[PDB]
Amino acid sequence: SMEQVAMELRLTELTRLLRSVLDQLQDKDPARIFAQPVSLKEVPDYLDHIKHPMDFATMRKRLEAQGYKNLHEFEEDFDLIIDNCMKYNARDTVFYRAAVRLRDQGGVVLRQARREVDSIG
């Protein structure tokens, strides 16, 4: 139907917007601590600690499959990155400190993306 196509064009435009947001969020991780999933070869117990792992490549795969219906779903995944890291790693580590910074720097980017999604419908 024509209704299904219009739905599809909106999903494609959301996807376009989220891709730019993702690139902006990932620039706030210049050390690439969150680029890829935590390695299970190198941290074999990781799943006993973290029940829902997340990373920027896994978010990128979901994105390009148009797997995000709205900004809320995308934000849940971003927040998992941060939140997983702050549980698994102690406060006086480079990893925890980098999550704190990605969180603080991301919130600006996310504050405006919420307005653009609401605005552009």
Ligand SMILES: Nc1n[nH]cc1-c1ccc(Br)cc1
The other form holds:
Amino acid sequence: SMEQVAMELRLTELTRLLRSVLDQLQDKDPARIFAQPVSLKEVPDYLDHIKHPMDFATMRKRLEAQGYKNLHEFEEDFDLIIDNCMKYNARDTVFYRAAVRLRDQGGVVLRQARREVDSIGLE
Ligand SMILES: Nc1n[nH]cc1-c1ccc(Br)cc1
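Moving from the form solved without the ligand, what structure would you give for the form solved in complex with the ligand?
After this comes the whole thing, all chains and molecules, with the earlier chain placed first.
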């Protein structure tokens, strides 16, 4: 149907916007602490602590499959990256501190992303 095509165009547009947002957010992680999944070989007990692991590579996989239907779903995954890290790692660690900085700097980006999604009507 034409309606289905239009819906798919909207999703493709959202995906383009979220790709830009994801690039901007990952730039706020210059240490690449959040670039890849926590290794279950190097941290074998990780899943005892963290029930829903997340990282930028995994987000990017879902993104390119057009797997984010709206900004909320994307933000959920970004918050998992931050929140998982701030639970597993103590306050005095380079990991926890990196998550705080990513959260703070990323908030700015996500604030305008929300305005843009609403403005252009992408969801
Ligand atoms: N990036 C993370 N999110 N949750 C835990 C971690 C982590 C834990 C140990 C090391 Br070593 C590195 C990273």
